[PDB]
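Enquirer: Once you've looked at the hints, dock chain A' with the ligands against the given chain A.
In case you want the letters, here they are:
Protein chains: 2
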Amino acid sequence: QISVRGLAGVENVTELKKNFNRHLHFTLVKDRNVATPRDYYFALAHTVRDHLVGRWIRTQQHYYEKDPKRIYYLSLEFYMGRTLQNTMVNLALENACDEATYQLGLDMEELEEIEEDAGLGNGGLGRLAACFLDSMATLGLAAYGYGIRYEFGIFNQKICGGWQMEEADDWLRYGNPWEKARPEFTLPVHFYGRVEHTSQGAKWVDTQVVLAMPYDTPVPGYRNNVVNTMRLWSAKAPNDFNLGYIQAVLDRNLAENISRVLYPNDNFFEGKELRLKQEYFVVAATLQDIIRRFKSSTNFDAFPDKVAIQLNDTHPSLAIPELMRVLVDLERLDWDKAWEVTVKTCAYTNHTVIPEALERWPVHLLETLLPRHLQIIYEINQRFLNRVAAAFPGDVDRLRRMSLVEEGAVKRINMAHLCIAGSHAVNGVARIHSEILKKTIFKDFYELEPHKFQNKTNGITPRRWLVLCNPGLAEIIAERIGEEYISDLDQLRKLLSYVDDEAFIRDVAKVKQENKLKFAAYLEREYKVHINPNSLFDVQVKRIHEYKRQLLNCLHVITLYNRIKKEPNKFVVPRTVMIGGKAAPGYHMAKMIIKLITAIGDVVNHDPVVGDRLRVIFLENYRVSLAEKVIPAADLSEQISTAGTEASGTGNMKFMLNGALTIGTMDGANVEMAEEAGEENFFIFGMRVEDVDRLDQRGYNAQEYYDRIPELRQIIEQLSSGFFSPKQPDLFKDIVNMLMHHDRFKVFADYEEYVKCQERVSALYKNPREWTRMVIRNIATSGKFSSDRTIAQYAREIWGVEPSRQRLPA
Amino acid sequence: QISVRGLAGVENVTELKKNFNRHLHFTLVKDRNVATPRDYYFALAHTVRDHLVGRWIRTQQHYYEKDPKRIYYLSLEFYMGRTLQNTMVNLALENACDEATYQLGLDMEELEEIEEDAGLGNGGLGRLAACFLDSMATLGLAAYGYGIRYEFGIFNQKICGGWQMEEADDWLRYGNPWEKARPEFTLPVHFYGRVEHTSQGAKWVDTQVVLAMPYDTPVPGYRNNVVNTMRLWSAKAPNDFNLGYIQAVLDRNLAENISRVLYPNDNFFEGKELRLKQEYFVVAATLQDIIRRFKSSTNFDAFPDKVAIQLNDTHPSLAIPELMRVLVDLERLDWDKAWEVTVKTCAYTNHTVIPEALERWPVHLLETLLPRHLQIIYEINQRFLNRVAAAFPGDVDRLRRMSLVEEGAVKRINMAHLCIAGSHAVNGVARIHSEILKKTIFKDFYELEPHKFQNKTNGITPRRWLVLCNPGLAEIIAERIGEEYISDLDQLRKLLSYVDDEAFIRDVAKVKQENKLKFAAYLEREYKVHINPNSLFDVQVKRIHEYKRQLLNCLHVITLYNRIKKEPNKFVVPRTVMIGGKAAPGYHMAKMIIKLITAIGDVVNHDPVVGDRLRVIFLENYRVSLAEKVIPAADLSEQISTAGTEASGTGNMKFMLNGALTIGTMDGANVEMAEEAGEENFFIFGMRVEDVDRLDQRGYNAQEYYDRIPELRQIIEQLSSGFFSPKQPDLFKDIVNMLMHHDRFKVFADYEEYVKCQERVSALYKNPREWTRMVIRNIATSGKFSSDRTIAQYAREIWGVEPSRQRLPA
Ligand SMILES: [N-]=[N+]=N[C@]1(C(N)O)O[C@H](CO)[C@@H](O)[C@H](O)[C@H]1O
Ligand SMILES: [N-]=[N+]=N[C@]1(C(N)O)O[C@H](CO)[C@@H](O)[C@H](O)[C@H]1O
Ligand SMILES: *Cc1c(COP(=O)(O)O)cnc(C)c1O
Ligand SMILES: *Cc1c(COP(=O)(O)O)cnc(C)c1O
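Line order of the protein sequences matches chains A and A'. A prime marks a further copy of an entry chain.
If you count by the entry's author numbering, then the first sequence holds residues 12 to 254, 261 to 314, 324 to 836, one letter each, in order.
If you count by the entry's author numbering, then the second sequence holds residues 12 to 254, 261 to 314, 324 to 836, one letter each, in order.
One thing to keep in mind: the hints can contain errors.
Said to hold, decoys possible - Anything over 12 Å on all C-beta distances counts as not near chain A; from chain A', calculated:
hint : residue
1    : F479
2    : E572
3    : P594
4    : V629
5    : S651
6    : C783
7    : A836
What the hints assert, rightly or not - Reference excerpt, derived from the structure (chain A' facing chain A, CB under 10 Å, subset only):
hint : residue
8    : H36
9    : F37
10   : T38
11   : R60
12   : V64
13   : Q72
14   : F163
15   : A179
16   : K191
17   : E195
18   : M224
19   : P229
20   : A248
21   : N250
22   : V266
23   : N274
Said to hold, decoys possible - List time: in silico SDA-like cross-link candidates among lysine to any residue, alpha-carbon distance up to 25 Å:
hint : chain 1 : residue 1 : chain 2 : residue 2
24   : A       : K294      : A'      : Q264
25   : A'      : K28       : A       : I68
26   : A       : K29       : A'      : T25
27   : A'      : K536      : A'      : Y791
28   : A       : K247      : A'      : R49
29   : A'      : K294      : A       : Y262
30   : A       : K191      : A'      : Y226
31   : A       : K478      : A       : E698
32   : A'      : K29       : A'      : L95
33   : A'      : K247      : A       : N270
34   : A       : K294      : A'      : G261
35   : A       : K77       : A'      : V40
36   : A'      : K29       : A       : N30
37   : A       : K247      : A'      : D268
38   : A       : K247      : A'      : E273
39   : A       : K544      : A       : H556
40   : A'      : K294      : A       : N274
Hint data in this document are derived by calculation from the structure and do not stem from the laboratory.
Idealized CB from N, CA, C, for every residue including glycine.
The shape of chain A in the complex, shown without the other chains:
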C-alpha cells in the first residue's frame, strides 16, 4: 500500500467486506460458487457507491438550505471514462478497498479493468467537461453538469487489415451502477408545430412531444465530502404517441432515437436534423429544470444572481433563444427585461477556429423544427444589428459580417454569432487562441463589446491524470512535499529544489521505467505485441485529424527508417513510435492516415535490418481508460499541430504532468506550457502563427519543399510507387496528392525543422540523467494546468462565485 491511497483501517476493511458480500448476495443474486470477475466488479462498485449516497444527499440538501448561486454546465459531451477508481480516490477508499478485496482473495486491479468506459464524448471538449465537473466539486461549487444519456457513446475502434472498423459502443449492456434514474422528474420537450399570434402573446402550438427522462450520476469532490450531480437526459415517447396498433408502438422508437447515439465528429459540423434535435432536447429539458429549481428557491431580476449557464461551445446555443421564449412567451416578461436576464445568465466558451467545425444551421431546418425559436433569433439579430449600425454608422459590410443570419446558397444561422450576442462573457481556451478570436474570427464583435472577451486556459484534473493513473509518481512526489498538491497543483513548484537531488532523479526515472514495463506488458497481454521497454516511447494519441498532423509524424518515422537502411550498422537511439486515435466514420482522409500508419508498421516492424531499433505501433481504440495507461508510460509527447489550429489541446498537459518531454509547435496551450517550464526545457520547432500567415500571403507551394529536400522527395516517391503498399501500388495516391496540391496544414513546411528537432530529442535521451532533470523541470511547473485553476478563474471572472476548499460534514 502507498500513502496517497488512504488508510486501510481495521473497522473499515471489515465493513467493506461484509457490504461486498451483502451486494454479491442480495444485489447480484449470486453465490461465490458461480460468481465471475464481472460479478465481483459489480459488488465492489455497489459497495463503493454506498459510501457516496450519504454525501450526495446532504450535499444537495445543503445547497437547498444555503441556496447559493447555481452553475449549470451545458454540454452535449461528457467524456467520463471509468468511475470506480476515481470514486475511491476522491473518497480515500482505495487502500481499504484494495485490502478488503485482497482478503476476499480478489485482485482489485483486475476488477477495475472490467468497468466499461462511459464514452459520451469525442475527445478534448468532452474530456474537458469531465475534468471541469471534478474540479467544480473539489472547489465546492453548486454545479450541475447537464447533457444527454446516449445509449451508444463513441464507437469502439477495431483495426482490420489495417483499416478502422467501427462497432456500436453498447456501454449500458451490463448496466450502470453509478446512475440513478429519476423518472419522477420527467419533462416534456416540444418539436415542430407552428406559431399562433393571439392578442396577448404568441403561442407555439400543434407540437410533437418527446419526454426527457433524467438520470443522475454523482460527481464526488476530492476528499471534501462534496458530491455534485451530472444529470443526463434520455428520450422517451409519450404513451399516447402514435396513439396499426402494433406499428404505432414500434414507431415509438422514432422519438427515442434522439438520445440513441453520440455523433462521432470531432471538430466537424454535420448539419443533420437528428443532431439539431439532440441540441434542442438537452437545452429545453435543462432550462425547465433550471427554472423549476429557481422558483423553489416572481421577479426574474434575481435570476442572474442565482443562475449561471455555461455554454460548452455552440452545441447548446439554443439555450439563448429558448430562455427568451420561456421568459417572453410563458412568463410574460417584456423583451428588453428578458434579454437583460438572458445575457447576464449566459456565458459562452469557444473551442476552435477551424471553419469546418463552425455550426451554421440552415434556416429551413429551424423553420420546420423550431419555428418560434427562428422568430426569436430574427428579432435578436434585428436588435443586435441596430446596435452595430448605431456604433459604426454607414459600415454596411460590418453589418453583414456580424449578422446572425448568413445569406447565400441557403440562408444559415451562425450559432457562434448568436452565442456572442446573448452572452455576457465569451472566452477562448488558451491565451493564443483567445487572442486569435479578438484579432480574427470575432474581431468585429470584440470591437463592439471588448468587455465580453476573456481567456480561460484549459486544464486537466490532477486526480484522474496523476493520482489515479500514476500512483507511483504521485507517491514519490508526496514523499517529498506532502499531499496538499493534489488539490493545489501549484505546489509542484517545490520539486524544483530537488532537480539536483540524486535520490529524486533516480526515483522519477524508476517510476517511468516501471510504467513503461507495465505498459509493454499490457501491450502483449491484450493485443499480442512485443516491444522494447528500453527504447524511447514516442507517442501521439488524440483524434485523427489533418490539422493534428499525424502525417508529419509519419514522415519522420519513414525518415528514421530510410536512414537506418542507408547506414544499418550506425547507432541510433531505439524508439517505439506509438500513434493512436479514432477517425470520424465519414472522414475519408483520416481513415487513410490510419491505414498509412499500420502500413508503415508492416514494413518497419518486419525489416530484419531494423531489429529492435524502431517499432511503429498503432494504439487501437484510444479512449480515456487507454489514455490512463499510455500517458504515464510516455517519454516523448507529440503535439505537432500547425500553429494556429489547435485551440488549446489538453493531452499535452496530461503528458507534462506525467513525466514526458514535449516536442511541439507554438500552438494552443503548448505556448503557455513552454512559458511555464522554460523554452530550454521544451522541444519547440516549426512555424509560428505569423510564419503561417506570411506563407499564406505568399502562397503555399509544397512542390518547393519537395524539390529542395532529397529525403522528403524519397519518402513521397516511396508512397507513390507502392513501397508501403505492394499489392495496391496506388493505395496512397490521395495522401500524396493532398500533400502535394491541397495541404491546408503545410506538413512539408515544418518537415525539416521537425526532424532536426527530433534529433535533439534523441541526443538528450542518450543522457538519462539530464533527460530526467528536464522532466523534473516540466513536472514541477505543470501546476498552472490544473483544471482547479481554470475553474477558479471561471468562477471568479465569469460566474461570480467564490470557490471553497471547506470539507462538508461526514
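Expert: Same frame as chain A, but now just chain A' with the ligands:
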C-alpha cells in the same frame, strides 16, 4: 391483523423497518423529506425482494445437487399482474410488513396500488400460465417458465366518448424490482439465411443474428421456501450489427423490435412476420438454455428423463422442429433417434377449437425466415403420413386431412397438426373441450394414436384468487377449518357442514357486503361513479368476443330496462350490471359491442323513472389487478358463451371461489363446476352442445326468434331506430345486421331461456339467507378447480414427476 396473514414478530418488524430505511436511503437515494408514495413502494418491494434471494439461490443450488427432472413451460404469455402482495403471502410476511409500514407511518394498501401490473398476457391463456407457475413452485417441481420480456404488455384501455382507445402499456417506465437481468447468459438466435447440403450434414448459413438476453423473475411457492424461476428473453442486436454509421446504429432497433410488444389478440390468429419471429425467438433461446443445462447435469437417450417441455398452445410449436434441428444438424443424431427423443420430451396443450384462433403459417413465410425448419417440417409430415397410410390403407382423404401441410390458395403449415405429431401427450383444458377434440377437430389423430389424448381441466391458484384478493373470506373459512386448505383446496368440502350454521351464513354474507362496499367506494374514487351497494352485483368480465356473448347480456339489460319503463311502480330486484374487458384493436365488432354497452349505460343510468333500480357500468381497463377487486365483490357471475365455444374459462372458477353464484351455459368448465356443486346450486340455461349442432343441421334463422318474441323484437327495433344513439341513428346497424343475418353464436337462440333464468336469479336474491346458503355450497365444492390439482395431474400423467409439499430449509 388477521391470522392467515402471518405473525408480526417483534424481531422481524424491527428488521423490516431498518431494511426499508436502508433501501430508501442507499437504493432509492432519497430522504424522508422528499420521498413520495412511489419511493416508499419501491423501498418495500426491495425489502420484500431481499427475503426471496436467499431462498431463490438455495432452491436453484438444490436442483443442481439433486438433479431432478426439469419442467419447461413455454408460453408467449405470462399474465402475472402485481408481485408485491403475492410475494408477502407466499412468504408469510404480510402482517409483519403491514405492521412495519404502519409504524413507519405508512398505509401498505396505498403502496401496493402503486405497483404496475405485469400485463404480459391477453387473458385466459396468459393468466393460466401465471397460476401454473405458482402451483408448480408450491408443489415443489423443478419448473421453469420461459417466455418473452415484452417492453409493452397488453395495452391500457381508455374509454373516450364511449369508445375504446388504446395506449402503450409502458410497465417498465419506473423499473421492475422483481427481475434480475442476466446479460452473462445471452444466447444467439438465427433468422433467414439458407441451407447448404454438404457431405456430412446440412448447414444453416448466412443467417441474421439476434441476441436473446434473459431476465429472471423469482416465483415463490406457498410457504415452502421454494422459489422457482421465470426466465423472459429480451431481444438485443449484436454490436457489429449493420456494422451511414449513424443509421446503422439506429437500425439496431429493427432486431430489438422482436420483444417490443405483445400481440393483443385473444383467440385470434394474425399471420404477421413479427409474430412468427417472436415465436421462434422464444423457442430457439429456450432450447439452447435447456440443452446447456442438460449437458451440465453425450447420450441424449436420457434427455426425456431429465427434460419435459410443455407447449402452451401452438405458439411455441417450433420447439419441435427446432429440437430436431439441433439433435440432427448439430449433435448429429440419426433422424429416428432424434424423433424419439423429441416426442418423449414434448407435450402439447390445446386451448380452443374456434377456427380463427388456429395457427396456419404461410409456407412462403417459413421458407424465407426459417428455411431449415421448413425442410424438417416437410420431412416430419412425410414420415407421419406414411404412418397414416400404413394404418388406414387407401384412405386418401384422411391423408390430406391429417397433413401438416394444407394446400389451396397459399400453402400453409397447420401448427396444431405439427404439435400432435411431435408430442407424446395432447390435452384439452376441460372435460367437454377434450371430448370435443377427440370427436371433432382431432378425430383422425385420436384414431391413429388414442393414447396421446388426455384432459387436464384448468384451475386457478387459491393464493392470489382467495387469500390475496379476499382475505376476509379466507379468514372466516380458516376460523372454522384451519389454514391447510390454502394448499389443499379440497378441504373446503368441510364447509358443507356449516351450511346450516347461522353464524357462518351471517359471516359469509358479511364478507360479501364488505367487499361490495369497498368496491363501490373504489369505483367513486378512481372513476367518479356512484352505485348502490345493496343491489345485486351482476358482472361479466373477460375479453370482449362475440363467442363470449356480451351481447346476450346486453339484450337482457335492455329487457330489464324496457320492463321497468312498462311498469315503473312495480318492484324489481335492484341490480348493478358490470361489464368489462378489452377488445383487440383490430376487432371491429368487439369495439362496437363496447360502445353499445356504454350507450346503454347512457340511457339507463340517466332515466329518472329507473332510479337506483338499474345501473349499467363498463369496467374500464380490465386487468389482473382489477379482477382481484371486482371478483370478490360479485354476486352473479356471467359465463354465457355459446355451448361448445369456451374451451374451459377460468374467470368462472375465480367467481365460484369468491362467493358469487353462476349463471351460465353448459360450456367449458361450467359443466364440471355445476357437477361439483350440484346443478340445483347453479343457474344453468340455454342450448347444450347437441342442441347447437341440431340447429346447425337445420340451419340457424334468427328471423324466427325475432318473429316469435315481442320483447326481442322491441329491442332490435330500438337499436335500429337510434333509441340508444340519437345523434347517430344508424350507429349500431352492423350489430343488428350481424344478429339478424350472420350470427355465428346464436345470441337469439338462448335469449328466452336466459332472461327466464335471470328471473330465477332475482327471486333467490330476494331471500338473503337461501342465496347465501347456495353460495356456501358453491365455495365448499370449488376445491377441484385449484391449479394445484391441475398441476399435480400434469406432473403425474404427462411429465412423470411426483409433486411434493416438503418445505426446503430456511
Ligand atoms: N470542440 N472542440 N475543440 C477542441 C477539441 N475538442 O479538440 O476543444 C478542446 C477543449 O477546449 C481544445 O483543447 C482543442 O484544442 C479543440 O480543438
Ligand atoms: N388461448 N386460448 N384460449 C383460452 C383463452 N385464452 O381464452 O385458453 C384458456 C386457458 O386454457 C381457456 O380457459 C379459454 O376457454 C380459451 O378460450
Ligand atoms: C485528453 C484526451 C483527449 C484530448 O487530447 P488532445 O491531444 O488535446 O487532442 C482526447 N481523447 C482522450 C481519450 C483524452 O483523454
Ligand atoms: C382469469 C382472467 C381472465 C380469463 O377469464 P375468462 O372469463 O375465463 O375469459 C381474463 N383476464 C383476466 C385479467 C383474468 O384475471
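Enquirer: Hey, does the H36/A' contact hint survive, CB to chain A under 10 Å?
Expert: 7 Å, holds
Enquirer: Does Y262/A sit within 25 Å of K294/A', going by the straight-line distance between their CA atoms?
Expert: Holds, at roughly 18 Å.
Enquirer: Checking a non-interface call: every C-beta of chain A should be farther than 12 Å from the C-beta of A836/A'. Is that right?
Expert: Nearest chain A Cβ is 15 Å from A836/A', so the label holds.
Enquirer: Verify the interface restraint on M224/A': the C-beta must sit less than 10 Å from at least one C-beta of chain A.
Expert: Interface hint status for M224/A': holds (9 Å vs cutoff 10 Å).
Enquirer: For the hint on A179/A', does the least C-beta distance to chain A fall short of 10 Å?
Expert: Hint on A179/A': holds, closest Cβ of chain A at ~4 Å, below 10 Å.
Enquirer: Is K29/A within 25 Å of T25/A', Cα to Cα?
Expert: Within the cut-off at roughly 21 Å; holds.
Enquirer: Has the given pair, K294/A with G261/A', been kept, meaning a C-alpha gap of at most 25 Å?
Expert: Status holds; Cα separation ~18 Å.
Enquirer: Is it true that the CA of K536/A' sits at most 25 Å from the CA of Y791/A'?
Expert: Cα-Cα ~15 Å, so holds.
Enquirer: Beyond 12 Å from every chain A Cβ: check whether that's true for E572/A'.
Expert: Check passes; 20 Å lies beyond 12 Å.
Enquirer: Is the Cβ of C783/A' farther than 12 Å from every Cβ of chain A?
Expert: 37 Å, holds
Enquirer: So, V266/A' near chain A? Judge it on the closest CB pair being under 10 Å.
Expert: Holds, about 5 Å.
Enquirer: Can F37/A' be said to touch chain A, with a Cβ gap under 10 Å?
Expert: 5 Å, holds
The structure agrees with every numbered hint stated previously.
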